[PDB]
Amino acid sequence: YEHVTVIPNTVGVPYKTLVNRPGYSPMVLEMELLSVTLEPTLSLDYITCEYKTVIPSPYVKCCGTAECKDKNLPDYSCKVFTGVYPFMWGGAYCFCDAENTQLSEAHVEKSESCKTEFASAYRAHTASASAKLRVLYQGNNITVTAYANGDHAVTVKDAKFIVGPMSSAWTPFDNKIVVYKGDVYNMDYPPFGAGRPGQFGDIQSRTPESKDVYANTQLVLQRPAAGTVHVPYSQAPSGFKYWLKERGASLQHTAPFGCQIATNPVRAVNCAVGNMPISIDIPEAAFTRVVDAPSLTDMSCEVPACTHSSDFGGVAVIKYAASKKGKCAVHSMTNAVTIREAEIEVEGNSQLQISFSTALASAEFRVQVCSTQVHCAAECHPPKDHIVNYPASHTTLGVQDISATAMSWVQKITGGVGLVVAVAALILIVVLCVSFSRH
Amino acid sequence: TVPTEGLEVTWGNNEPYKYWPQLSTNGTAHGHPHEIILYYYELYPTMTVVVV
Ligand SMILES: *[C@H]1O[C@H](CO[C@@H]2O[C@@H](C)[C@@H](O)[C@@H](O)[C@@H]2O)[C@@H](O[C@H]2O[C@H](CO)[C@@H](O[C@H]3O[C@H](CO[C@@H]4O[C@H](CO)[C@@H](O)[C@H](O)[C@@H]4O)[C@@H](O)[C@H](O[C@H]4O[C@H](CO)[C@@H](O)[C@H](O)[C@@H]4O)[C@@H]3O)[C@H](O)[C@H]2NC(C)=O)[C@H](O)[C@H]1NC(C)=O
Ligand SMILES: CC(C)CCC[C@@H](C)[C@H]1CC[C@H]2[C@@H]3CC=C4C[C@@H](O)CC[C@]4(C)[C@H]3CC[C@]12C
Numbered sequence: 001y002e003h004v005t006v007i008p009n010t011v012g013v014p015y016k017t018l019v020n021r022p023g024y025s026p027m028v029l030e031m032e033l034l035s036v037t038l039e040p041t042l043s044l045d046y047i048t049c050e051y052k053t054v055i056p057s058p059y060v061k062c063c064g065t066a067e068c069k070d071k072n073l074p075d076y077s078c079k080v081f082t083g084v085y086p087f088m089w090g091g092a093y094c095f096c097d098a099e100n101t102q103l104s105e106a107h108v109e110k111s112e113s114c115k116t117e118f119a120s121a122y123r124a125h126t127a128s129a130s131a132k133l134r135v136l137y138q139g140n141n142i143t144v145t146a147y148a149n150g151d152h153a154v155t156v157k158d159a160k161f162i163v164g165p166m167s168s169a170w171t172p173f174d175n176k177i178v179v180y181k182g183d184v185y186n187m188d189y190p191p192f193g194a195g196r197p198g199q200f201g202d203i204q205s206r207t208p209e210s211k212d213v214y215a216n217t218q219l220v221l222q223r224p225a226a227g228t229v230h231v232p233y234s235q236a237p238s239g240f241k242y243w244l245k246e247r248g249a250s251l252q253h254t255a256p257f258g259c260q261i262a263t264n265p266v267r268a269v270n271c272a273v274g275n276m277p278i279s280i281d282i283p284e285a286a287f288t289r290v291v292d293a294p295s296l297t298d299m300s301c302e303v304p305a306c307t308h309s310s311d312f313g314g315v316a317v318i319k320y321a322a323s324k325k326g327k328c329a330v331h332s333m334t335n336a337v338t339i340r341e342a343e344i345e346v347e348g349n350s351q352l353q354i355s356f357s358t359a360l361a362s363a364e365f366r367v368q369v370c371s372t373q374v375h376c377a378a379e380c381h382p383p384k385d386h387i388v389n390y391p392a393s394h395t396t397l398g399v400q401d402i403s404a405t406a407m408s409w410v411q412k413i414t415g416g417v418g419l420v421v422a423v424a425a426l427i428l429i430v431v432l433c434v435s436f437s438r439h
Numbered sequence: 320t321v322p323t324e325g326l327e328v329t330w331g332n333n334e335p336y337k338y339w340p341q342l343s344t345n346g347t348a349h350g351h352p353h354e355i356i357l358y359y360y361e362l363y364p365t366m367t368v369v370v371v
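Quick note, the sequences are listed as chains A and E, same order. The first sequence lines up with residues 1 to 439 when you count with the deposited numbering. The second sequence lines up with residues 320 to 371 when you count with the deposited numbering.
Some hints could be false.
[Claimed, not checked] Below, in silico cross-link-like pairs of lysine-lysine (DSS-like), each with a Cα-Cα straight-line distance of 30 Å or less:
1) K160(A) with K79(A)
2) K176(A) with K241(A)
3) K16(A) with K337(E)
4) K337(E) with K181(A)
5) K337(E) with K132(A)
6) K52(A) with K16(A)
7) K337(E) with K384(A)
8) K176(A) with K115(A)
9) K132(A) with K160(A)
10) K160(A) with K211(A)
11) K176(A) with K52(A)
12) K115(A) with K181(A)
[Unchecked claim] What follows is a set of in silico ranges between Cβ atoms, one per label pair, in the way DEER data are often shown:
13) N335(A) with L326(E): 51 to 61 Å
14) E354(E) with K160(A): 45 to 55 Å
15) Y242(A) with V321(E): 44 to 54 Å
16) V291(A) with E354(E): 46 to 56 Å
17) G326(A) with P322(E): 45 to 55 Å
[To be verified] One side only, chain A facing chain E, incomplete, derived with CB under 7 Å:
18) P304
19) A305
20) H308
21) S309
22) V388
23) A392
24) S403
25) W409
Keep in mind that the hints were calculated from the coordinates and are not lab data. Ideal Cβ positions, reconstructed from N, Cα and C, are used throughout, including at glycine.
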């Protein structure tokens, strides 16, 4: 038997479905999503890290001129200064006090820390879906894990479930993501080769182990102060360090739709958008023939109490007359009312009790147990605790449903206006037609 | 302020709290017309007004 149903992506909320196979006792399954995961495919563009400035000892040449040549280091310069007369702790550096020159040089390279502390800039494209599903099958609750692409089918007690494919593809992760040790931040990385000094991107390298580093850190060497050998430099501070302090908030705390974003691998958990279709194939053997199953007759319904609250609000007592002792199945036939209990046990002549949670002010719900339908009606009074800490379990309400005593007043008022219009219209019709007959 | 879809609050390093509103009201249903309008007005502050 092929059965198809659709369940909302809200996690932690059970939804139920009815399998109708004529000639056999009805089967009711309960399914709940325990987790939903969206896992994006990422492609690394470059890694941002802290840089270190390397300044080798200066070369001091007195009574002569030093010279330097260009190097192919990521960010490098050299300059020769003249008129230098440096001192050591024990006296002047050398005999000569004239025609002295000094060569200073510096370059930028990735620090050793870039193997532990770094931010990776990735491109995002598409994502694969998967989910953890708990299905109640004939009174056993089995947990199944499946991809939601529409390509995985899982086996539960000889039944086939093919989850998926998800209705909408809103993904919290944007087009470009920068991921630090633990959180994913949506940002626009500067493109490779173009980092401006002092922001994210001052030093960028293609792969963690790669040796090509492009750095634009503005190193400009400056004149040694007289009387000393220091090689003074001026540079913008490290880009990564500044981003770390002024990060802002990661996607985990600021995503829309209640998502939780976790890393290694980058993934999004529990996003509440859309409906995931579930298709179930049930082998013929499981279904049970009508004659074998308990059949119920003479059913009446009285609702002792109704409260429209998110938790299961009201109790309904239904009186049954039954052929034999066996398990039986309960399912609401109206969307608004949802019945918590899937299966109840029936024997002899007695009263069964089912708990219903609803958002409808006056409730008219048909409840069907074992192939017979009994109609239950009630008035519900509102709940008095304003904010609760659990997700709503009743389904939403629409303008079609207004309370009963409400409808009556609308009908009467609209009707009264209508009659007045009609009486007036008839008077016009009569006068106008008589005038036409008159000449 | 609590949205109808629910609010998530994070305090320091503690696990996040989640809150949802219930359909509470100081009005009544199945009563007098002036009590019924209040019931629906408070629960649906925009539409009740537009429909009426
Ligand atoms: C298969 O699982 C059904 C649901 O599965 C549950 O969640 C899954 C994700 C998985 O973790 C699984 O292991 C879990 O069992 C399960 O049906 C049940 O559904 C109820 C939850 O919806 C579950 O819990 C309740 O029962 C207690 C009474 O028992 C107590 O449980 C406490 C912990 O919650 C213990 O500390 C106590 O010692 C005691 O054992 C109720 O009192 C609970 O309500 C109260 O508890 C909450 C916190 O949980 C408090 O805020 C309030 O006090 C609140 O009033 C809660 O309703 C039940 O175990 C069970 N209910 C039934 C039998 O209908 C089944 O095991 C199975 N499927 C079925 C339907 O057979
Ligand atoms: C009795 C006289 C005064 C007329 C009363 C009109 C009342 C009963 C009608 C008019 C406006 C109607 C509401 C208009 C909009 C909504 C929002 C919708 O999401 C649920 C239905 C609901 C809440 C309707 C409920 C019933 C309603 C309040």
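Hint check:
no.: 1; hint: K160(A) with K79(A); result: 76 Å, violated
no.: 2; hint: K176(A) with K241(A); result: 21 Å, holds
no.: 3; hint: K16(A) with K337(E); result: 25 Å, holds
no.: 4; hint: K337(E) with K181(A); result: 27 Å, holds
no.: 5; hint: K337(E) with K132(A); result: 22 Å, holds
no.: 6; hint: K52(A) with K16(A); result: 61 Å, violated
no.: 7; hint: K337(E) with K384(A); result: 19 Å, holds
no.: 8; hint: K176(A) with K115(A); result: 22 Å, holds
no.: 9; hint: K132(A) with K160(A); result: 15 Å, holds
no.: 10; hint: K160(A) with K211(A); result: 52 Å, violated
no.: 11; hint: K176(A) with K52(A); result: 27 Å, holds
no.: 12; hint: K115(A) with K181(A); result: 12 Å, holds
no.: 13; hint: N335(A) with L326(E): 51 to 61 Å; result: 27 Å, violated
no.: 14; hint: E354(E) with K160(A): 45 to 55 Å; result: 54 Å, holds
no.: 15; hint: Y242(A) with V321(E): 44 to 54 Å; result: 37 Å, violated
no.: 16; hint: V291(A) with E354(E): 46 to 56 Å; result: 53 Å, holds
no.: 17; hint: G326(A) with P322(E): 45 to 55 Å; result: 47 Å, holds
no.: 18; hint: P304; result: 16 Å, violated
no.: 19; hint: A305; result: 14 Å, violated
no.: 20; hint: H308; result: 6 Å, holds
no.: 21; hint: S309; result: 6 Å, holds
no.: 22; hint: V388; result: 6 Å, holds
no.: 23; hint: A392; result: 6 Å, holds
no.: 24; hint: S403; result: 5 Å, holds
no.: 25; hint: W409; result: 6 Å, holds
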